[PDB]
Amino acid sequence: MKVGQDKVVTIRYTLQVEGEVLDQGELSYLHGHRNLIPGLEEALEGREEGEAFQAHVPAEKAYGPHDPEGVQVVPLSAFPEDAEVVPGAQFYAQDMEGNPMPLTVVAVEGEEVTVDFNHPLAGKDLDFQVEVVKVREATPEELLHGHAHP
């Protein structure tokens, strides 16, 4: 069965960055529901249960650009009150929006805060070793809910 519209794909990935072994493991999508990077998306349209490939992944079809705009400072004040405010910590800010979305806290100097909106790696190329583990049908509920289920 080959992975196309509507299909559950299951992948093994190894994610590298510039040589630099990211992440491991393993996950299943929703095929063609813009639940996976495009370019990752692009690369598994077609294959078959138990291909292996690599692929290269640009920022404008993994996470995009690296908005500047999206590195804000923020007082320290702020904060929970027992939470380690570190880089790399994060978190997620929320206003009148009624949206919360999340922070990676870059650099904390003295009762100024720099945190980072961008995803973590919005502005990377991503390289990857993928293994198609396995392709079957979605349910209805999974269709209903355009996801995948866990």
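Numbering follows the first chain given and starts at 1. First, how it differs from the form deposited in another entry.
Among 76, 126, 33, 91, the residue lying at the hinge where one rigid part turns against the other between these two forms is 126.
What would the structure be for the form deposited in another entry, rather than the form deposited in one PDB entry?
A single chain, with no partners or molecules, comes next.
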């Protein structure tokens, strides 16, 4: 059976970004319901059960481009005093209205900290090695929920 709309597909995968492995594992998903990033589902569309392949997914079809407006300067005094504020450090944050805005520290210059509110994979292309383990039809309940059962 081929991967297509409304099929429940099991894959094994490895994810690399710029030659470094970030994740690997096995999962099942209902295809065609935005359950995985769009470029990965595009790469899976039409594959036969058993097929192994490579997929280079551009940033636009993964976590999106890097928005320059996500890079902002905040005061050092805003950070918790017991924290290490150094390049690469990640922190949970919110705006004044309580909207989540997690950040990564880019640089510290005196009492000014440059941070980045973009997702860490924004602007990055993703490289996948994938094996299609199994393809089957969805149950009516899976179709109703739009997700493969756990």
